[PDB]
Amino acid sequence: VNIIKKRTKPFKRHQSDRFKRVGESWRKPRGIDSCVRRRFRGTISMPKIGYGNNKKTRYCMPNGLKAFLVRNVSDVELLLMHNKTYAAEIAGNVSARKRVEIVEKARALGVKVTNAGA
Amino acid sequence: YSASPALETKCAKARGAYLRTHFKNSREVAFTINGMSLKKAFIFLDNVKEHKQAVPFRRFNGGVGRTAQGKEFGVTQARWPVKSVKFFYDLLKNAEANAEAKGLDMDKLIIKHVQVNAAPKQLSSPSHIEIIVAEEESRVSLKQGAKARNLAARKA
Amino acid sequence: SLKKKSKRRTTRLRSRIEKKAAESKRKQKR
Amino acid sequence: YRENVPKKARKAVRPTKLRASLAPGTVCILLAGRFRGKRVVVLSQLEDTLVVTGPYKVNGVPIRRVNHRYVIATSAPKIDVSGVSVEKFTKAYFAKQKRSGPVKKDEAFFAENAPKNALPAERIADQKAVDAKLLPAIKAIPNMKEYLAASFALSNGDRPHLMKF
Amino acid sequence: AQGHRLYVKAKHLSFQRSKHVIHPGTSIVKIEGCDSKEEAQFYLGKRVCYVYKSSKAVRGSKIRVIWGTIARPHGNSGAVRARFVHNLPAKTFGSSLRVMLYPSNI
Amino acid sequence: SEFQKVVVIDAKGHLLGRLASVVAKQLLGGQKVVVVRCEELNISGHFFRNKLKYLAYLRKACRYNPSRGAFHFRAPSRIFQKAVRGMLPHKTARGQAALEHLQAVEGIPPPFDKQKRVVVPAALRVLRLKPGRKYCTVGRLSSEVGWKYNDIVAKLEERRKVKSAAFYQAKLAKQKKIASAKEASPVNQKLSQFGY
RNA sequence: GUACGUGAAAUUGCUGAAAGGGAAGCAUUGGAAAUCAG
RNA sequence: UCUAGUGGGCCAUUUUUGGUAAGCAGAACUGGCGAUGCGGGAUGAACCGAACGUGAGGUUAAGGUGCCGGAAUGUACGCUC
RNA sequence: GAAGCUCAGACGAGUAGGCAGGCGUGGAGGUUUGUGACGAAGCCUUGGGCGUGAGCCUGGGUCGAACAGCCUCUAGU
RNA sequence: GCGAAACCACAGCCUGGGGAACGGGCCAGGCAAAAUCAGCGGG
RNA sequence: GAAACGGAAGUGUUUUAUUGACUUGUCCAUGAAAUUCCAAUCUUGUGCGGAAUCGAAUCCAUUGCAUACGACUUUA
Numbered sequence: 004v005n006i007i008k009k010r011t012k013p014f015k016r017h018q019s020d021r022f023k024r025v026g027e028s029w030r031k032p033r034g035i036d037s038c039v040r041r042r043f044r045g046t047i048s049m050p051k052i053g054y055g056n057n058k059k060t061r062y063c064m065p066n067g068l069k070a071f072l073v074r075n076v077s078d079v080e081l082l083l084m085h086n087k088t089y090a091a092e093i094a095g096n097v098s099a100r101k102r103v104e105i106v107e108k109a110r111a112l113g114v115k116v117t118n119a120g121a
Numbered sequence: 004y005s006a007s008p009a010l011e012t013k014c015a016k017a018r019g020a021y022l023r024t025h026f027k028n029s030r031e032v033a034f035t036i037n038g039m040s041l042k043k044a045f046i047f048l049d050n051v052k053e054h055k056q057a058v059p060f061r062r063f064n065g066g067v068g069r070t071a072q073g074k075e076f077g078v079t080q081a082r083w084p085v086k087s088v089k090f091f092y093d094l095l096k097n098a099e100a101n102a103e104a105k106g107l108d109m110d111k112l113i114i115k116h117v118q119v120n121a122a123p124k125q140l141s142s143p144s145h146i147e148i149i150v151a152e153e154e165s166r167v168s169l170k171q172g173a174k175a176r177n178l179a180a181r182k183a
Numbered sequence: 003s004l005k006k007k008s009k010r011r012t013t014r015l016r017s018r019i020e021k022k023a024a025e026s027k028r029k030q031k032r
Numbered sequence: 031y032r033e034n035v036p037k038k039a040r041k042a043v044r045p046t047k048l049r050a051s052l053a054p055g056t057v058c059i060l061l062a063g064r065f066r067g068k069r070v071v072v073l074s075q076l077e078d079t080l081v082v083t084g085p086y087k088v089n090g091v092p093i094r095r096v097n098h099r100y101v102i103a104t105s106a107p108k109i110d111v112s113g114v115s116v117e118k119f120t121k122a123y124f125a126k127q128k129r130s131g132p133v134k135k136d137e138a139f140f141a142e143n144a145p146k147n148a149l150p151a152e153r154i155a156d157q158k159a160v161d162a163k164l165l166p167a168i169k170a171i172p173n174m175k176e177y178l179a180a181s182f183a184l185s186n187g188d189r190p191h192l193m194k195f
Numbered sequence: 003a004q005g006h007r008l009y010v011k012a013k014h015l016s017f018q019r020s021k022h023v024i025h026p027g028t029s030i031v032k033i034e035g036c037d038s039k040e041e042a043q044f045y046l047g048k049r050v051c052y053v054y055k056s057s058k059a060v061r062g063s064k065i066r067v068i069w070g071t072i073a074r075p076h077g078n079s080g081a082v083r084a085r086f087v088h089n090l091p092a093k094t095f096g097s098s099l100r101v102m103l104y105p106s107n108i
Numbered sequence: 002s003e004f005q006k007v008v009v010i011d012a013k014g015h016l017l018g019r020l021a022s023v024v025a026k027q028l029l030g031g032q033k034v035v036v037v038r039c040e041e042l043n044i045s046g047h048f049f050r051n052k053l054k055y056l057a058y059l060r061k062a063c064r065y066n067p068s069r070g071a072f073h074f075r076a077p078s079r080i081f082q083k084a085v086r087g088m089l090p091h092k093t094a095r096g097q098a099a100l101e102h103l104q105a106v107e108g109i110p111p112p113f114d115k116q117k118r119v120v121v122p123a124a125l126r127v128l129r130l131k132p133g134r135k136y137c138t139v140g141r142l143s144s145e146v147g148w149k150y151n152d153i154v155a156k157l158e159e160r161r162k163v164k165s166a167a168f169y170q171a172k173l174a175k176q177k178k179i180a181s182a183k184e185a186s187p188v189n190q191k192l193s194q195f196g197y
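Protein chains in written order, with the entry's author numbering: chain e, 4 to 121; chain P, 4 to 125, 140 to 154, 165 to 183; chain s, 3 to 32; chain E, 31 to 195; chain f, 3 to 108; chain O, 2 to 197.
Keep in mind that the hints were calculated from the coordinates and are not lab data. Check before you lean on any hint, since a few could be wrong.
[To be verified] Computed, partial: chain O to chain f, Cβ under 7 Å:
hint, residue
1, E3
2, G30
3, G31
Where a beta carbon is used, it is the ideal one built from N, C-alpha and C, also for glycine.
Work the whole structure out from these sequences, hints included.
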């Protein structure tokens with residue numbers, strides 16, 4: 004079953020590009036006269052529940068695997084029964100020695116590692 | 004420094020910090036004398052000091068008088084800031100001396116990099146100045172490949 | 003144009019022509 | 031764990047219904063491939079394709095499978111086919127060899143096969159047998175050997191939706 | 003050398019659009035030689051082709067190709083609708099396209 | 002219906018806007034168009050009516066620094082180009098590029114007088130305007146509002162027609178000779194069953 | 001390196017790239033160049 | 001049973017007495033608008049259609065099919081210089 | 001994970017306002033044999049991924065000592 | 001050579017139209033080629 | 001290898017003799033293939049080892065017919 008994303012571009016906040024104080028994160032326009040709130044033609048779009056993706060393919064990487072954050076050897080050892088569903092994600096703050104230890108363990112379990120090249 | 008050069012292979016460096024000169028004039032002189040030969044830059048600075056040539060003003064060109072000596076650079080506006088040139092002349096003396104210390108060939112030196120940055124305002142606007150001198154120097168698919176094969180046999 | 007005036011009636015005229023036509027019809031009704 | 035067994039799909043297979051004018055023994059233009067624009071005589075009616083050849087002594091188009099969507103069935107006079115057997119041409123007869131891996135390349139792979147080495151002598155025996163059984167028919171009616179030797183091409187002011195091929 | 007051109011010359015006119023809206027999903031193709039919808043039924047389903055040239059050379063071949071299919075006649079004057087795998091760029095209005103005689107049905 | 006690289010249109014007897022509308026469509030269609038013999042273009046309405054239509058155009062000029070104001074081109078080629086330009090989205094890059102594919106010249110210059118000149122029946126005066134309807138030629142209408150090259154173009158046209166007629170007489174002499182030899186061959190009527 | 005831990009933004013300069021005929025910014029669709037990803 | 005927010009105005013129709021060069025005023029009613037984006041009318045607070053999750057395809061409304069602009073420089077009968 | 005699984009149908013503008021579920025921040029109790037000088041937090045990034053969204057995970061660079069997930073409490077959030 | 005401040009949503013060609021206030025952004029046109037120097041201050 | 005003509009923007013036209021081809025007008029023989037169902041012209045380029053080629057403008061200065069400064073008119 005192919006993974007499908009309804010939308011790829013993120014919803015940028017209104018005027019988040021003309022100002023450095025207004026941030027990229029989405030905020031809902033509150034103004035009564037906002038041409039964006041009234042959803043005029045040509046204006047940027049607003050997040051709606053209609054863009055929700057399929058429940059069967061939601062939270063899945065482009066290869067159909069869900070990410071699970073792993074911080075020590077114990078975590079990946081818990082992933083042995085879902086090598087077909089969950090791919091391990093080494094946490095950023097895991098030391099070099101533990102990373103090679105986890106990645107060798109994950110290889111033994113045959114569980115996918117997304118950032119094994121570190 | 005600012006740029007990937009200044010490798011000790013064929014470079015020499017100099018810099019000045021908190022030099023009591025206007026930032027905009029120093030920028031215009033730096034832009035002009037960039038890329039010239041070292042000895043060529045010296046006489047040019049001597050010319051500017053003696054009004055026999057002028058440094059074009061390009062970005063900070065507000066209110067500059069038009070002179071005929073700005074014709075070589077293609078601009079209409081020129082000025083002769085002598086304070087900033089004296090600062091640049093001293094800096095080039097030091098950069099030339101550093102070239103002597105490293106052991107380059109001084110006849111073929113060029114101004115490879117020069118940059119003027121604003122300094123902590125103290140009012141006047143001091144300028145950090147830095148100079149670098151240096152030296153100059165698919166596939167074949169089954170069908171596409173088969174046609175290549177047949178045409179190879181065709182020529183023979 | 004080619005004329006001594008503008009053929010495009012400005013929206014004021016598009017506004018008050020119809021109502022003054024309506025007042026005319028009301029006058030005949032009275 | 032899951033290995034979701036596919037539901038028993040209710041799709042069957044039925045013989046492909048070729049066009050009315052794509053009968054064996056006709057003359058058709060070839061629209062694609064390395065021999066686009068050539069004219070070739072259809073020998074036999076395959077499952078999906080047409081086992082078609084130009085008489086190799088005439089134009090040099092060996093016996094090939096061609097999908098019927100890249101064929102224009104000309105109304106040229108029919109060439110008899112009862113004189114030649116056509117059962118020996120099957121899908122497996124035309125099929126490729128295996129590959130033994132997903133990737134193979136290099137000019138050594140090109141100096142091999144070629145129309146000498148991986149080309150069996152039995153194919154020429156079949157090819158010459160076909161030519162022996164069709165040249166008398168093509169020779170009988172005029173311009174036919176010359177018609178098949180030529181190539182089809184459009185011209186300025188030639189509109190295919192009005193041209194009755 | 004006139005023993006070639008197994009295609010039919012055509013032109014890209016615009017996208018399918020209203021006056022203030024465009025849908026680049028489908029493109030309006032003027033198949034040269036076709037002057038009504040009953041004639042455009044012939045080319046309905048053929049393989050249309052946009053051929054262009056680039057700067058980088060992939061395959062050692064300077065020509066890139068964007069494939070497409072004639073989908074529906076569009077109007078009275080013999081224009082058709084085409085669906086290209088990649089929507090044609092807007093710089094290609096008036097650019098010439100090719101109409102292959104296949105999938106053949108004649 | 003079929004495109005060439007370049008089309009050279011002889012614009013004698015064609016209506017101004019009727020021809021300019023077709024040309025506007027062909028330019029955006031992506032084809033180079035050369036319009037020749039512009040000084041015989043026709044416009045509906047009697048001459049004095051159209052003379053007023055153009056003398057009102059002379060009235061439009063910016064009151065501040067009229068060098069900024071509208072430029073009222075007088076040459077017949079330039080009047081035709083004005084018609085086409087107003088029928089194009091020239092305020093864009095695709096409209097701008099359509100003008101660059103349009104050539105409008107008065108008379109037929111030597112670069113083009115040796116090529117076939119087609120006409121546009123959707124714009125021909127004899128097929129559009131009812132007989133007895135007054136009309137004015139652009140070439141006359143330009144020679145009365147400033148264009149000062151009417152006579153020279155007419156002078157050069159007369160010479161060109163003489164050369165073109167001499168060519169045609171030579172081509173007819175050759176063509177009648179081959180036609181005699183064309184019919185002389187016997188194979189003609191052993192292919193006559195094919196309609197040729 | 002005492003104008004001393006980390007050193008953000010506004011802001012300035014240099015290099016590289018790109019665009020620009022009385023603005024720009026933004027959105028949709030693709031092309032081109034760069035760069036990834038399975 | 002308890003408990004938020006609102007208690008304006010504008011536009012047009014229908015009635016409607018006083019009325020005058022002429023508008024104007026008076027009520028009652030109706031809808032629409034405030035909270036409403038979209039298609040069309042060159043553009044527009046009210047005109048014509050249409051009441052909105054994300055998309056694909058098909059078909060239409062209003063309005064249009066010379067060109068700008070997607071769509072007949074269509075067919076037929078007249079009027080108009 | 002009965003707070004779960006499953007099938008079916010209809011519906012989807014929205015101001016004041018009414019209701020529900022979530023994202024994020026400082027500190028507290030509990031838990032994860034939790035992460036860390038073989039580099040914590042922070043910071044940069046034309047690197048990658050996830051969510052409709054609030055936001056979240058990660059690669060590379062800089063950095064040098066502390067920090068986080070979960071269930072609850074709390075507020076100068 | 002020394003060297004400010006007021007001010008600053010963003011900007012700066014023109015005609016007509018946009019219910020109003022018709023405007024600098026909208027619509028329809030006229031058009032439109034860098035960088036500047038000095039006067040007049042029209043706006 | 002040459003003649004003639006073409007000035008509206010001459011984008012060429014023609015006469016040619018020449019050479020070397022090519023040589024379906026017509027009829028024959030060789031070869032194509034496992035690319036075994038679709039996916040010539042255009043110029044830089046960079047150099048090749050052989051030929052020949054040997055200009056101007058401005059600043060500096062000057063003039064005053066010109067001039068706020070540029071610019072302009074001279075001289076050099």
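Here's how the hints hold up against the structure:
1. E3: holds (5 Å)
2. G30: Constraint on O/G30 satisfied, holds at 6 Å.
3. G31: holds (2 Å)
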